[PDB]
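Each chain is listed here by its residues.
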Amino acid sequence: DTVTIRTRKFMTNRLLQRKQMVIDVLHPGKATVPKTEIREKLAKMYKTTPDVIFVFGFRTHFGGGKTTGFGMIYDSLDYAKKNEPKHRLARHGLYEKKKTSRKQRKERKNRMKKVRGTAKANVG
Amino acid sequence: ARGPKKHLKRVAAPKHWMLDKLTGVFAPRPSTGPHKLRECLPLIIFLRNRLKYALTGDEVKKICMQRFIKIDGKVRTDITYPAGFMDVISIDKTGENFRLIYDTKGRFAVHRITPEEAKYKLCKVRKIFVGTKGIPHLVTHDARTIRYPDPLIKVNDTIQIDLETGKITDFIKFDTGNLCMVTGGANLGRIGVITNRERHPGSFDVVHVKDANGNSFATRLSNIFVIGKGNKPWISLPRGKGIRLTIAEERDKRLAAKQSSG
Amino acid sequence: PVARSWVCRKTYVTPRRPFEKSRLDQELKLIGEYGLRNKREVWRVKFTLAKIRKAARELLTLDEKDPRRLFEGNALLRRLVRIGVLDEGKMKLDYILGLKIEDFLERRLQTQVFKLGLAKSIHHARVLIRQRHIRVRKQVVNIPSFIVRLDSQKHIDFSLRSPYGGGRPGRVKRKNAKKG
RNA sequence: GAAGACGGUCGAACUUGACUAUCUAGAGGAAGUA
RNA sequence: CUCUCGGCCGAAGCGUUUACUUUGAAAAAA
RNA sequence: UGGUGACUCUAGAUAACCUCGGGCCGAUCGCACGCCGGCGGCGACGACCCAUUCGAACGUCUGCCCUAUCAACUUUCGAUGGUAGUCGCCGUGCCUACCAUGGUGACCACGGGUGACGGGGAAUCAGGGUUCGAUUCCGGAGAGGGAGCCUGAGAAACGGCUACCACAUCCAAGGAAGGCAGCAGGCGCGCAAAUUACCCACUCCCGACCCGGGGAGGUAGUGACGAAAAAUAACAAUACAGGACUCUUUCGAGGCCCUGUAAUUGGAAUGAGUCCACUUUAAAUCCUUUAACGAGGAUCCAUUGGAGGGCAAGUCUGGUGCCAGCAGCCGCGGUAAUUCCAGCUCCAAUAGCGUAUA
RNA sequence: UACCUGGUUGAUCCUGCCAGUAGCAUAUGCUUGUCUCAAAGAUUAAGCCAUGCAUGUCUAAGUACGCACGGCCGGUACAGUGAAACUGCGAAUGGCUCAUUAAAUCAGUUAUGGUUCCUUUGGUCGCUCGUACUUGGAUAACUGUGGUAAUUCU
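Here the protein sequences line up with chains Y, E and J, keeping their order.
The first sequence begins at 3 in the authors' numbering and counts up one residue at a time.
The second sequence begins at 2 in the authors' numbering and counts up one residue at a time.
The third sequence begins at 2 in the authors' numbering and counts up one residue at a time.
Worth flagging that the hints you see were computed from the coordinates, not collected in a lab.
Treat the hints with caution; some may be incorrect.
What the hints assert, rightly or not - In silico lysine-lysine, DSS-like type, Cα no more than 27 Å apart, as pairs:
(1) E:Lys53 x Y:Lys49
(2) E:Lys75 x Y:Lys84
(3) E:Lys259 x E:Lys233
(4) E:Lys37 x Y:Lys21
(5) J:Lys121 x J:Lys101
(6) E:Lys134 x E:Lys106
(7) Y:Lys11 x J:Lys101
(8) Y:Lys88 x Y:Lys99
Start from the sequences, fold in the hints, and give me the full structure.
Here is the structure:
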């Protein structure tokens, strides 16, 4: 109960359909507050659900009192699925990147330049 | 090179974009368009570095691709589209309209204008020719050509465009006593009244401008944009009135803003 | 092409005469009065005053009503008054040439902790700062060469998360309490 | 409408000279070096 | 330092020609 | 008609021409659906020409290091100029034909050298200067050496082609393929320089493109090139045939203040570490934040050079005996070495400090 | 911080160099606890290079008769998503290096009234007096037969 959330540079972004702001976190004795706890704290400030809000990039200051990150609060969940980087959607389980590496894709791309039409799909 | 270059390093970008050193190696590199790339704002810099509506270039791509930005009444999906001096940037979704006008320190200001004002702009006529069965033509400073202008419009005048039709409504002539903005050089962004013009043949002419407080400065003729007739500007002017303060009185104003506020 | 910056700068200058008696004695006296770590900490403060005096030596050659002398002569005086090295009434440009090393060494946070009664020597104060016992208004400072400004001077305290301040007792008191 | 051929041009390179330079195999010796 | 016009002043000439000096504008960022 | 400081400019008028290796004058595609069989609203892709933007290319003026043991050069085979052409994107000896005999030079031409890419800049600096700039920005050049081209708006392109020269690969001996001065990596060369790592999340670029790709770029790794901050202890109580301070003639008395070469006593404070968790990030690491553990010879051990002078600091002690060696220089060493080799002590800079070279 | 010091003589004052002194860059030696930033196969060899990667690209909108998958509802030109291939664009930017090069490159300044310019942006696109309610032949992908020790060969 000793943690507090403040909001400095607030702006309603009508273009990307979100509210965006700087979050100040005051945890004067504890470690850095986790990102899910800040979303529970922020959703009851801004009268919403925590699955539509996306916080990132928190840095605790030297000495240990304050933390500063950024947050965004979307209108709907589908607007959040449309207007978000996929690495932040993946932090909530709403997106899954394919698990191939990058050296496999490049060597597979170069192996099938040596091959004409429908045998390109039969390249291993 | 063996052909035209497509990149712009961030250190070699124009100074008035106010990019910083460490966020990348490259600068946005404006597309070819109506304004020169040493004299323009790309739309990505206006929309995340000035307005703070975006945080990445990907979000500028997402904002522009929803067809939400009109520059001079037309929708631009190009994120490096060169906006320039006295272009009307109109965002319909937020209900904002902007005009790009230089500040007193030679950078484009975030100047908000009313949607009454957002239906016109001023242009500077740079070339007149007669072409192909005697039809007279203009060429303005943002690459507009206009067929059949008024025959009193001459080179270095300033006309007024209606942004929907594209036609001239009226114009100002180039004469002493009219109001200026400097659009180039050391004196960029300053505003005053023409007092003199000395003509050197075969070279550049020099125009002397007098500030509203009695300061006086010269430019070249190409760095002169006639704003208004007499003393009345035909547009709204930014925060400073085109009056460049010295560093001492700017320090005094900045200190007087702290001993009163707080 | 990398997106870095290679601007850096040295903070000290070694003297031209490496073994000069009456320089060694004076610098060792300056170390002992203020509890510095080595001679480079002395030469660092000789370097800032030598730049300040070079900046004021050139303003004193310009015209008395010149705009650079009036503008940078007033910013240079404001900073010295602000960090407490000049006096308020001494704000002419010629008193910069009458500044000394000890006037800057007084404004280190280590000497201010010693002189405000938080410590009991100049060596207890450095070791108090370095292990996170001193703060300045909200912010714990680790740095002994923190130049205290004149308005942020009375806000020096004992850093609420320290045993000398708010006081969860330390690692040693806790173990001795657990033992018996 | 492909191969090809006469000619022209650009022209790397090739051969034989002359001059010049270097790398290497090389008898003989001299002086100084100690 | 002056001559015709355009509004007692400007447009038309400079005054032998330079060097000098002061100014202005033009001079990428780092 | 209009313009420029200036046109052989722009526009106009007339007579024609208009290249089969043809010039423009739309046989193209989506969405919404329609109003009175017709007339349609938004787009997309096109397109000769004009203007604009990004350029590019040719010119103008001034500016560069050393060399005279380089003083005359250029002109046959264009050197300097004139006339007409050819070719070129165009101006021009750019090339050709015919003429003229010019053009440069001790105010350094021409020739040679450069451990020479040019600038912005860097180090040093009283003032003046001297040296460096291969190197992240701009400009040039080149992809083993020369040469020739195709495609295209743009290339004499080399992660395009065709030869020759030098190397070099596969071969069934008929033939076929090549270009790391991109990122890694290897060999070599040397006094001299890092990972065959992760990612397009950031910055931007390209494409038909909100979607794909990017060894550009970002992120880690190695990293004492170099720059910034900054631990290796602090305090109290004892004891000193310490020291100074108040009294005592002096002895000698004090919570008066400082010091110590006390492995004297004492608990207080911490990071280095070990290490949950969060935070960071594309995912991670690092840092920052917090649990728990983590100090007494706090063995959780600071080094590099010196100790005659220059130049801070021992003619203390043993060994050596013109030897071994030291010493930038002057010098030390031959049986008492302030100088070698060691111990002890002391000096300087300190997570840095010697040596070599510019 | 506008600075000197040792060394020629029996002793002196000079000329004069040698040596000392401080920085800065490359190397190298010994030593190295914390943390922030950070150069890095230039110098010799613009020497030689195994292997991997560094340049590709589709929207409602050029061309879909691949059941590749589904899918109308089943006369229903073409529902759709769509590999391949044709077409278009890009591959002339970026990255690397410093060999050549001495009025050359380059810098400042000027000029193109002596040129070309994909693209972007604006203009122009019934201005011409002389089968169209739509023209013609092919060729890939695909199917099938093959050659060569061998290729992104055909």
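Practice task
Please write out, lowest number first, the hints stated earlier that are contradicted by the structure.
Solution key: 3, 4, 6, 7
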